[PDB]
Every structure is written in C-alpha cells, then in structure tokens.
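Only one chain comes next, encoded as structure tokens, the form solved without the DNA.
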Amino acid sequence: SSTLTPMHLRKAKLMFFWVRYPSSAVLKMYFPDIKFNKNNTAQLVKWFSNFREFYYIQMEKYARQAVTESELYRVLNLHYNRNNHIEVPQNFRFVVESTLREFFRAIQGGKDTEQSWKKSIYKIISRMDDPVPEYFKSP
C-alpha cells in the first residue's frame, strides 16, 4: 500500500535509535511493505525531521542545564520507545553523549550567540548514523 499508518510511525520512531538522517534509499529498504511515491516518501522523510527537531531541542536544553549548574534518557526513551519494546542501543548513547558535548562546548564557549552555531554540530551528528537492524525489515 501507499498509505502510511500508525504502525509505520511507531516503527520509524524506533529506527531513530539507529538513524537520525536516513536517506530515501534507506527508508525504502526498511519499509519494503510500502509503495513509495513523492507524497509518502516526503511524509516519511518529514517524520525524521520532526524526530531530529525534538532530539536537538532536548540536547540543547540539557547542555544549557549542565552549564548553568538519567532524566534525559527517560525523556528520549518515552518519546521514541514508549512501550519499551527495544533496549536503547549503545551506539545511540554514544551519539547522545557526543551531541551533548558539542552543545556544551558551544554554550560554555558562548558560541551559541553566533549565527549557524548549530550547523557544525548537525554536520558531525549526521555522520554518526548506524545501520538499521535487519529485523526491522520483517513484518
């Protein structure tokens, strides 16, 4: 079918633990049950953009906290793994800590008052995607 469902949305969120910047090609490989077209492809792609938005908002918030001075993972896990179906992968943790460090350095260094200060961070994180587990391909 060409219609995205709540199940696809739930699956997409779990996949975020491996891929923050999946290409259309990646998405097609892992969603073999969908007949991709311009509309649903963009719709699926938009979801990961939403996922990243929430992710970075949380990353910056926590980093500012640290500077101004467990819950973070609870927040991330509730959002992307509500029913706690999967174990948070170690590589996601490394990406989270790496992201926090990028924001922490920037904020602590007062670089957050510069234009495009978050771009250098996105670049770094976009290179840290992990291959999506093959089991995600199973119905």
Given for the second form:
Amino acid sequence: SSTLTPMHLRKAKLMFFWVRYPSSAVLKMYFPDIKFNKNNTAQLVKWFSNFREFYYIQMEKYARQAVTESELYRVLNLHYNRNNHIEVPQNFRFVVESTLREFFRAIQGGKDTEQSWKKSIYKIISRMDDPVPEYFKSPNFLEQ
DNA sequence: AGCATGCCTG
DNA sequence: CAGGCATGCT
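Which structure goes with the form solved in complex with the DNA, now that we have seen the form solved without the DNA?
Once more the chain from above appears, this time first in line as the rest of the complex follows.
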C-alpha cells in the first residue's frame, strides 16, 4: 500500500495517546504496510500536526475556563478513540495533567500575553512521548 | 529551486 | 483534516 487509508488514520489517532511528536523515522516503523515517499510521509506527519493542535486547543481551553473558576476526556477520547477501540493508556492521562498544569501556570501568571508563549509548553511536552506498543506494527492490528 | 516547519483557514 | 502561504535551510 502506498496510500494512507481511513484506517491508517483511525490508527494514527490512537498512537497519539503515546506520542505527540513522533519522528518520521518512527512513523514508518509503525506502518510497515505502507511504502512511504515524500507525500504520504508529509501527510502522515501533517496528521500529527493536526492531532496536536486540536489537543492543545482543548488544553488551553479547559485550562482557561478553570483559571476563571474530567469529562474533557469524553472530548479527547471521542476525538482520537471514537469507538473506544482501546483503553486510554495511563501515561496519556498524565501527559494531559502535565499539559494543563503548564497552561494554568502560564495563564494565571498572565505570561500568556507574550507572543508565542505556548512554545515553552510545547518544548516541555515534546519530551514526554512514550514508546508506542509493539502490536501496533502487527498487520492483524489494523483489522479489528 | 526542493523539501520541511509552522500558522491559520475553511 | 487538507489547503495555502510565509519562511528557513540547502
């Protein structure tokens, strides 16, 4: 297969539970069924850029509504795991907290007025990827 | 140019 | 999510 099928995406979204900034080097490894090339690679990578934005958009929101002043998972889980195909790995539940803690810190400190202030947060989150489970390489995984 | 990042759009 | 565009390095 040379093209990313709609399952490849359903799959990619799941991986996001373990990795926010996967290296293209690693992405390939988890898609042995795909013969990459400038395009599909660019595309797969774009997917994650997209997964990240939605994610941070959600983080900054919850963080802000909180400052002023859970089910937020329904949101995140709906977005990346629509049919609850797998169980949300605990690491993810911690990455989330880490992320929310950072935004809350930044916002509450008004340090959110500076341009590209989210950047700091990003560098921090980028070191939190975890190794994506081995069975994600399994041809049989894509099925189910 | 030719491929990668990133922001931001619809 | 895919398109566009501005950008930065080669």
